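K.L.:
Below, each chain spelled out in residue letters.
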Amino acid sequence: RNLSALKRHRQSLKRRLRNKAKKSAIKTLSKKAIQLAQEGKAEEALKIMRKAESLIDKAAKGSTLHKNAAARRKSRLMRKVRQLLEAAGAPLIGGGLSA
Amino acid sequence: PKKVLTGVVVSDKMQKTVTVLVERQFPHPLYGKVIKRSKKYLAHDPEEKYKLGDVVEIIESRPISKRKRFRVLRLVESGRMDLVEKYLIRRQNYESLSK
Amino acid sequence: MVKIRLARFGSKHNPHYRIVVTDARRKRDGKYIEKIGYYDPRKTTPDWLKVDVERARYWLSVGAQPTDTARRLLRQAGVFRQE
Amino acid sequence: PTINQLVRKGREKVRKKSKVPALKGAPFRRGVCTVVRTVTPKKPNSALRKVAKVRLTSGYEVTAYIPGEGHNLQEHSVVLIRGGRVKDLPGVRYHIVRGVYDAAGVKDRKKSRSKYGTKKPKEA
Amino acid sequence: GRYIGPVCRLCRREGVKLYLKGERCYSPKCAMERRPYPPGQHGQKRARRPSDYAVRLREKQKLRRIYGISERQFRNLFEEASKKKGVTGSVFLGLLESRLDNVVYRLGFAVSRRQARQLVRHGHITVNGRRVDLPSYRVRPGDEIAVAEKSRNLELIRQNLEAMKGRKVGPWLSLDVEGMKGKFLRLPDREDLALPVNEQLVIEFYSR
Amino acid sequence: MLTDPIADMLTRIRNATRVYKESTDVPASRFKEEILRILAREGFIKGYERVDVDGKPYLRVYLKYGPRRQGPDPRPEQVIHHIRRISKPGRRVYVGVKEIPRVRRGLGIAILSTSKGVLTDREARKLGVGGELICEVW
RNA sequence: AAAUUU
RNA sequence: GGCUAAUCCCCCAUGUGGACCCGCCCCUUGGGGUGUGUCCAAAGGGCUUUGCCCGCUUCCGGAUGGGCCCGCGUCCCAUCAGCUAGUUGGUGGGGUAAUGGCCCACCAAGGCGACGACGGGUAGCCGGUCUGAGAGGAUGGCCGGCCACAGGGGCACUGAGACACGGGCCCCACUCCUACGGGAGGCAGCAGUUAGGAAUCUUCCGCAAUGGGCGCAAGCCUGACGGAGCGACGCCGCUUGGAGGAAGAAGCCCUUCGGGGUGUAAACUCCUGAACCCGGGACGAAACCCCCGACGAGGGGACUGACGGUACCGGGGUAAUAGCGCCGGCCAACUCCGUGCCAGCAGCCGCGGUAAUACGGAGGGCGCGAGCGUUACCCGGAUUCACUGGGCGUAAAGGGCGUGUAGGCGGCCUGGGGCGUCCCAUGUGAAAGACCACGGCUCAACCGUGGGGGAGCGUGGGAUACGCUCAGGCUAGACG
Ligand SMILES: [K+]
Ligand SMILES: [K+]
Ligand SMILES: [K+]
Ligand SMILES: [K+]
Ligand SMILES: [K+]
Ligand SMILES: [K+]
Ligand SMILES: [K+]
Ligand SMILES: [K+]
Ligand SMILES: [K+]
Ligand SMILES: [K+]
Ligand SMILES: [Mg+2]
Ligand SMILES: [Mg+2]
Ligand SMILES: [Mg+2]
Ligand SMILES: [Mg+2]
Ligand SMILES: [Mg+2]
Ligand SMILES: [Mg+2]
Ligand SMILES: [Mg+2]
Ligand SMILES: [Mg+2]
Ligand SMILES: [Mg+2]
Ligand SMILES: [Mg+2]
Ligand SMILES: [Mg+2]
Ligand SMILES: [Mg+2]
Ligand SMILES: [Mg+2]
Ligand SMILES: [Mg+2]
Ligand SMILES: [Mg+2]
Ligand SMILES: [Mg+2]
Ligand SMILES: [Mg+2]
Ligand SMILES: [Mg+2]
Ligand SMILES: [Mg+2]
Ligand SMILES: [Mg+2]
Ligand SMILES: [Mg+2]
Ligand SMILES: [Mg+2]
Ligand SMILES: [Mg+2]
Ligand SMILES: [Mg+2]
Ligand SMILES: [Mg+2]
Ligand SMILES: [Mg+2]
Ligand SMILES: [Mg+2]
Ligand SMILES: [Mg+2]
Ligand SMILES: [Mg+2]
Ligand SMILES: [Mg+2]
Ligand SMILES: [Mg+2]
Ligand SMILES: [Mg+2]
Ligand SMILES: [Mg+2]
Ligand SMILES: [Mg+2]
Ligand SMILES: [Mg+2]
Ligand SMILES: [Mg+2]
Ligand SMILES: [Mg+2]
Ligand SMILES: [Mg+2]
Ligand SMILES: [Mg+2]
Ligand SMILES: [Mg+2]
Ligand SMILES: [Mg+2]
Ligand SMILES: [Mg+2]
Ligand SMILES: [Mg+2]
Ligand SMILES: [Mg+2]
Ligand SMILES: [Mg+2]
Ligand SMILES: [Mg+2]
Ligand SMILES: [Mg+2]
Ligand SMILES: [Mg+2]
Ligand SMILES: [Mg+2]
Ligand SMILES: [Mg+2]
Ligand SMILES: [Mg+2]
Ligand SMILES: [Mg+2]
Ligand SMILES: [Mg+2]
Ligand SMILES: [Mg+2]
Ligand SMILES: [Mg+2]
Ligand SMILES: [Mg+2]
Ligand SMILES: [Mg+2]
Ligand SMILES: [Mg+2]
Ligand SMILES: [Mg+2]
Ligand SMILES: [Mg+2]
Ligand SMILES: [Mg+2]
Ligand SMILES: [Mg+2]
Ligand SMILES: [Mg+2]
Ligand SMILES: [Mg+2]
Ligand SMILES: [Mg+2]
Ligand SMILES: [Mg+2]
Ligand SMILES: [Mg+2]
Ligand SMILES: [Mg+2]
Ligand SMILES: [Mg+2]
Ligand SMILES: [Mg+2]
Ligand SMILES: [Mg+2]
Ligand SMILES: [Mg+2]
Ligand SMILES: [Mg+2]
Ligand SMILES: [Mg+2]
Ligand SMILES: [Mg+2]
Ligand SMILES: [Mg+2]
Ligand SMILES: [Mg+2]
Ligand SMILES: [Mg+2]
Ligand SMILES: [Mg+2]
Ligand SMILES: [Mg+2]
Ligand SMILES: [Mg+2]
Ligand SMILES: [Mg+2]
Ligand SMILES: [Mg+2]
Ligand SMILES: [Mg+2]
Ligand SMILES: [Mg+2]
Ligand SMILES: [Mg+2]
Ligand SMILES: [Mg+2]
Ligand SMILES: [Mg+2]
Ligand SMILES: [Mg+2]
Ligand SMILES: [Mg+2]
Ligand SMILES: [Mg+2]
Ligand SMILES: [Zn+2]
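The listed protein sequences derive, respectively, from chains T, Q, P, L, D and H.
Per the deposited numbering, residue 8 is the first one in the first sequence, and the count goes up by one each step.
Per the deposited numbering, residue 2 is the first one in the second sequence, and the count goes up by one each step.
Per the deposited numbering, residue 1 is the first one in the third sequence, and the count goes up by one each step.
Per the deposited numbering, residue 5 is the first one in the fourth sequence, and the count goes up by one each step.
Per the deposited numbering, residue 2 is the first one in the fifth sequence, and the count goes up by one each step.
Per the deposited numbering, residue 1 is the first one in the sixth sequence, and the count goes up by one each step.
These are computed hints drawn from the structure, not numbers from a lab.
Even for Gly, the Cβ is constructed at its ideal location relative to N, Cα and C.
Zero decoy hints are in this set.
Ranges between beta-carbon positions, derived for each pair:
(1) H:107 with P:47: 50 to 60 Å
(2) H:104 with L:5: 26 to 36 Å
(3) Q:52 with L:9: 36 to 46 Å
Start from the sequences, fold in the hints, and give me the full structure.
P.N.:
Next up, the structure:
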């Protein structure tokens, strides 16, 4: 006895599963990278931070991880990685971090 | 323009924070008498530069914390503990009227 | 978007419109940004339509969108005339 | 008082206590009678006044006066009361509105009819 | 309502000869010529010294019943005059004299103000060409009050404008008798009106 | 001490004129003297002058009265019929130029203290400045 | 004892 | 479980540019620029079809709308005097578009309060409105602005934007379906029902006008809205006739029995023609669209009326609703009879117990009049909470007295500052309302246009008499 705008509801559900997915990846990868920065493995840490930044920006392409919240995540990630590598040194792969 | 007040530091007991008491005179809305009201503002001192009794200027700032919305612009004049003593006496008088 | 439209201000059976710039989301008789003219549909007075031309050109330059009726009234007032 | 006292204490606005606690600020209130008695007036006068203790829909149960020459108000009579007091009757602060739900208008009334609920008489 | 009823009883009660019937208030039949005392059973009895409120109320009632205007429009006109700049009394009199029915009466189109009210209400009067049927219409300086061309053949207008030959009109009015029209030249001054009313008493009456 | 020296001077003048004295001594001060200048300029007094009492300087105000009247109470008409202080300590009165009072519809004066000196109501209105409404005299 | 002071 | 399309999702590329770490420069909180490194783009469709239209992507800016923060203002109760544990601050994080103790760890012990915290009560706030000489008091309905809420409570998702009235989830109360396992619903949208109440409407017409959503457009949707209906609820306009008409019909009421009153009032005479009956008959509606031009400017063409055969105009044409309150004083209007402290009246003083201008009726009169009264409530009078504008010997009111804290108040002279105070310029003070002028509905109510305003606050500049502050001096107050 109701109106078909329930369609919207359905769509939202799909989009929900689409967003929750992407974020769930990003966070995970982030943790991984940070771990490799805490343990000193620099090449692997930066090689994974590159993919983390890529996923962040690609999620920013859509409505999942949109405007500068994505830059916030990228900034915090790169800052933490560069700081944890300075406790060990030797930024091997020379990826996202500038010289 | 960001509001600028002028007051007295009456509490340095906090970390990186001061309590600036600011007075103001104005005619009563109905009785015309020039009455004097006062208000305390929590101002930000990031260097612990200002101490008790210092008369300082205060500038409206981006919020530093709840209840803390002002920074200390400059030092108007050095410590004059007379106003701090007046405030402390006005506070201590509150213990005499309980029951 | 911001639109140029007509607001009803006359009494019952006595319509009087204000040619007005306002956000499309607000009600038609609500707080408008600026009154750029007025329009009397029944032609009661010799001046039943007045429009500020320079202001209309400004609001069109910044990106306002007039209604079909508002565009008709502005065209009758030579807002778009480039002769 | 000095201006300083006026700044400290300030003048005190006076509130008027309502003479008609017919609640909700209503102009009239409906009620059902309980007793229809006869009360004697105070010192300067002497008569037999017609009063009725009305139980109100406002939650109150107050005595109210029955104007007019004659009335027909039994125990279970439902009547509407209005403001206005009877001076020579201590405790009576409300009137009965004659012509409302049980209280017929005063019969053979010809001078002041609208005040006692009597309709205009017939042909001249 | 316009009070409709007996009129010369007001000629009696007000104590001053009023002209509410037009004629017959000039003839020895006004009942004010032969019965100057107020009406009622207690009209011939010795009057008591009236109060100040009595004097002011009777004066205002005289001024109002002269024009036959209801208390509503009367109070509205008084407040309107008091809002304006200038002497309240003279402006009030100029407003009352500006009423279309009173202008019709002053121009001699009707013998009485109530006959003028009936003439206006029935569309027999035009203003600047357009027919107007409102006694409360306000005439402005420069307006031409004319008789309807379709009504100029009626008997009453023939009689009234046949008696207006040779008669004079107010200083603030002009009259063309052949064309059956006239002009409202200006607002009348207090000196122009011969009303037996003290306007300051009415101002004080509404000052209460 | 005196809580309001200006009101004290005005009250001295009032009480002195009410008994038809010749002159009255008020403790000297530049403010009181600048007020007495306006008083003498407007004609409410015959004038003032600095004098010396036993050790301290004072101001002798020479009062002014009207002609002796007939009938009962031949005491002359007072030149200063009324003199009242307005901006008192504890409730000070400040007025803008458009808020200056017209005393007795022009027949009186209102002494103002403005940034351009001590003036009268018409003087301050002509200068176009307001200030502290010291007193009114008429 | 009440009302009315005429 | 299986098949499939895309402006659905994804990968790689192109890097105008942008995002991030780090360094440098300008700027000064996270603003702008630059270098290296890294990372990030896209979607097609329609034709009048190889040329345009609707789009798409990245970036800068505009405009609009909003989030957050701060100064000042915003009711009563002190028979509420102490309040506070995320409480106050810090560091580091999480979180958001963004600051923040918003949230979380660790550390410091703080934060607020008689200048009224905390607590209780009441209440959306304002533009305004009512009243008032003004100051002020009261109020926040219609319309306009902001807020909050959508049976009660809590929560997230989607999205530029929601913690989403006619979206979702859970708990609670209620109603309905039920195969008893489980489900459905949420008028404070329009109208309407019922309950409560002294009391508040039609289960109406329409997409024509204005506005809104989608669409290239045609067009679709719109209980927004435009109208009609009901209710003297208010405001305004209008009618129930106009003129002649007796020293004065009758009836009715008084009466000194002579007469007086109702009263030109009526009947009547003449005249106009509310109602109604016909005929014509709207403005509100010219754009979107099509054609020419160039899908531009410009020109031209066509369609479209709910109200409604309503308004309005012309002709014809009938004398054709008046009621309500009051008549002792305040307060304008007096007699008769009945009644006999009875029956009753009354806003206050008061009236009635035998001859009542006060009760009841009559005659007459006064006041308003399609209204008149009553009740309730607000302001007024009320200078009766007194800022303007009051008082305290005996009328209500000086504390039983002192010492003294905070606070309030501060002798004379000079100088600096310019916080109070004052002045000039400027910004703000939306519209409507209010005021003035003109104009549109035959007037008015109503409405349009134009004008004028205005306290307060921000900014720049100036003045320094007084109040303030700082520095110095004096001795008349004070103390010794
Ligand atoms: K304490
Ligand atoms: K680069
Ligand atoms: K902007
Ligand atoms: K919703
Ligand atoms: K005719
Ligand atoms: K065109
Ligand atoms: K006709
Ligand atoms: K009886
Ligand atoms: K009676
Ligand atoms: K005031
Ligand atoms: Mg849908
Ligand atoms: Mg859909
Ligand atoms: Mg995981
Ligand atoms: Mg989101
Ligand atoms: Mg200070
Ligand atoms: Mg400190
Ligand atoms: Mg902090
Ligand atoms: Mg909006
Ligand atoms: Mg034109
Ligand atoms: Mg153009
Ligand atoms: Mg019964
Ligand atoms: Mg006037
Ligand atoms: Mg006036
Ligand atoms: Mg000011
Ligand atoms: Mg004046
Ligand atoms: Mg002059
Ligand atoms: Mg008695
Ligand atoms: Mg499948
Ligand atoms: Mg298949
Ligand atoms: Mg896409
Ligand atoms: Mg580049
Ligand atoms: Mg790529
Ligand atoms: Mg692709
Ligand atoms: Mg092709
Ligand atoms: Mg499309
Ligand atoms: Mg903003
Ligand atoms: Mg908190
Ligand atoms: Mg923090
Ligand atoms: Mg969000
Ligand atoms: Mg607290
Ligand atoms: Mg405070
Ligand atoms: Mg509430
Ligand atoms: Mg007024
Ligand atoms: Mg007013
Ligand atoms: Mg006011
Ligand atoms: Mg309020
Ligand atoms: Mg509202
Ligand atoms: Mg509203
Ligand atoms: Mg409900
Ligand atoms: Mg809820
Ligand atoms: Mg719920
Ligand atoms: Mg969207
Ligand atoms: Mg909400
Ligand atoms: Mg919801
Ligand atoms: Mg609903
Ligand atoms: Mg459901
Ligand atoms: Mg009921
Ligand atoms: Mg309705
Ligand atoms: Mg329909
Ligand atoms: Mg439409
Ligand atoms: Mg449309
Ligand atoms: Mg409507
Ligand atoms: Mg009317
Ligand atoms: Mg007659
Ligand atoms: Mg005829
Ligand atoms: Mg047309
Ligand atoms: Mg073409
Ligand atoms: Mg065209
Ligand atoms: Mg259409
Ligand atoms: Mg039709
Ligand atoms: Mg006709
Ligand atoms: Mg009288
Ligand atoms: Mg009575
Ligand atoms: Mg009363
Ligand atoms: Mg008898
Ligand atoms: Mg009798
Ligand atoms: Mg009587
Ligand atoms: Mg009668
Ligand atoms: Mg009424
Ligand atoms: Mg009152
Ligand atoms: Mg008062
Ligand atoms: Mg007063
Ligand atoms: Mg009182
Ligand atoms: Mg006082
Ligand atoms: Mg008193
Ligand atoms: Mg006493
Ligand atoms: Mg004593
Ligand atoms: Mg002190
Ligand atoms: Mg002290
Ligand atoms: Mg001093
Ligand atoms: Mg001091
Ligand atoms: Mg100085
Ligand atoms: Mg200053
Ligand atoms: Mg305005
Ligand atoms: Mg206006
Ligand atoms: Mg007009
Ligand atoms: Mg101004
Ligand atoms: Mg300045
Ligand atoms: Mg200076
Ligand atoms: Mg000193
Ligand atoms: Mg001594
Ligand atoms: Zn007469």
